[PDB]
Every structure is written in C-alpha cells, then in structure tokens.
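A.B. asks: What follows is the residue order along each chain.
2 protein chains.
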Amino acid sequence: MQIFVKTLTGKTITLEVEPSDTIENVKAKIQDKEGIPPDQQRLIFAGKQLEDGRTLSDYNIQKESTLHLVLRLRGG
Amino acid sequence: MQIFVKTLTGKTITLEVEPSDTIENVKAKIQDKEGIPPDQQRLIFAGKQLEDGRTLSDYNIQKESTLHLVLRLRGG
Numbered sequence: 001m002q003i004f005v006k007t008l009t010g011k012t013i014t015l016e017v018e019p020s021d022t023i024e025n026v027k028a029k030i031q032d033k034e035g036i037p038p039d040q041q042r043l044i045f046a047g048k049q050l051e052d053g054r055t056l057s058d059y060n061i062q063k064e065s066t067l068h069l070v071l072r073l074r075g076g
Numbered sequence: 001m002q003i004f005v006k007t008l009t010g011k012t013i014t015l016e017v018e019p020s021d022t023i024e025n026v027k028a029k030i031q032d033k034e035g036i037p038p039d040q041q042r043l044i045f046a047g048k049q050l051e052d053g054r055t056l057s058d059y060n061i062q063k064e065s066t067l068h069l070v071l072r073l074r075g076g
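So the protein lines, in turn, are chains A and A'. A prime marks a further copy of an entry chain.
For the first sequence, counting from 1, position 29 maps to 29 in the entry's author numbering; every step adds exactly one.
For the second sequence, counting from 1, position 55 maps to 55 in the entry's author numbering; every step adds exactly one.
In isolation and in its complexed conformation, chain A is listed as follows:
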C-alpha cells in the first residue's frame, strides 16, 4: 500500500509499505530513498512519535496516511 511522508520543509515523499512493516523498517525505506539514517529520523502520526519496534498496523495507519518526518540528531 501507499503512504505519504511529509517534512517541515513542506516536502512530501511516498512509500510502498505493508501494515506489517515496523516503524524502523519504514525509516529504512526513507533511508533507501533519501540517504538519511534511521536514527536521525523521528516519525509522527496523529501527533504521537512512533516507536521503532511497532508496526504501522499497531497504529491503525491505513493506506494514504501521511506520516510526519522530523530530523533530530542522535540525542538532544
């Protein structure tokens, strides 16, 4: 299925995912597309930051959802 990922610079990319994909694997797919390692990504859906070990399914993320990517350095 298809989901969207939009950034703070307004940009939107699309991903080919399955609900069974982990959030970490979704970041790998962003990395495959954009070159940014997963640990520099934060993914947000409905205002909650998604945990790497859970799935799109666990968050009831259906096709044509938009996740929000926020880049953040390893830490804070």
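If you're looking for bench data, these hints aren't it; they were derived computationally from the structure.
Just so you know, not all the hints are guaranteed correct.
Note: identical chains are not told apart, hence a pair may lie in one copy or across any two.
Here are the computed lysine-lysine pairs in the PhoX-like style, where the Cα-Cα straight-line distance is at most 20 Å [to be verified]:
(1) 48 x 63
(2) 48 x 6
(3) 29 x 63
On the provided structure of chain A, position chain A' as indicated by the hints.
C.D. replies: Just chain A', lined up with the frame of chain A:
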C-alpha cells in the same frame, strides 16, 4: 487497448496496454517510447499516484483513459 498519457507541457502520447499490465510495465512502455527511465516517472489517475506493483485493472482504468505523467527525480 489504448490509453493516453498527458504531461505538464500539455503533450499527449498513446500506449497499447492491457488491463493486466503493471504500472511499472506501463512506465517501461513510456520508456520504450520516450527514453525516460521508470524511476523518473510518476503516473497519476483521478488524482492518485499509481503504485508500481499494481495493475491498470486494480485501478479500474478502462480503454481511452488518460493517465498523467509527472517527472520527478529519484527522491525529493
């Protein structure tokens, strides 16, 4: 069957396709005609971006439909 592909420059090309063709194969047919590799193509029908692994059939695209080609560099 015959479908149309129109671009942002107004141009329209025609393709000889079957409903069972994948969207990726449709981009290969554009590539055979225009020289543009599939991963530089985005195909849109009724405002939704088509996924490479699905078929014209999956989208209920009938003969004499017009798809919309948008060129986009590998990424965003």
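A.B. asks: It remains to establish, for every hint, whether it holds in the given structure.
C.D. replies: Here is how each hint holds up against the structure:
{"no.": "1", "hint": "48 x 63", "result": "both (18 Å within a copy, 12 Å between copies)"}
{"no.": "2", "hint": "48 x 6", "result": "both (15 Å within a copy, 16 Å between copies)"}
{"no.": "3", "hint": "29 x 63", "result": "within (16 Å within a copy, 27 Å between copies)"}
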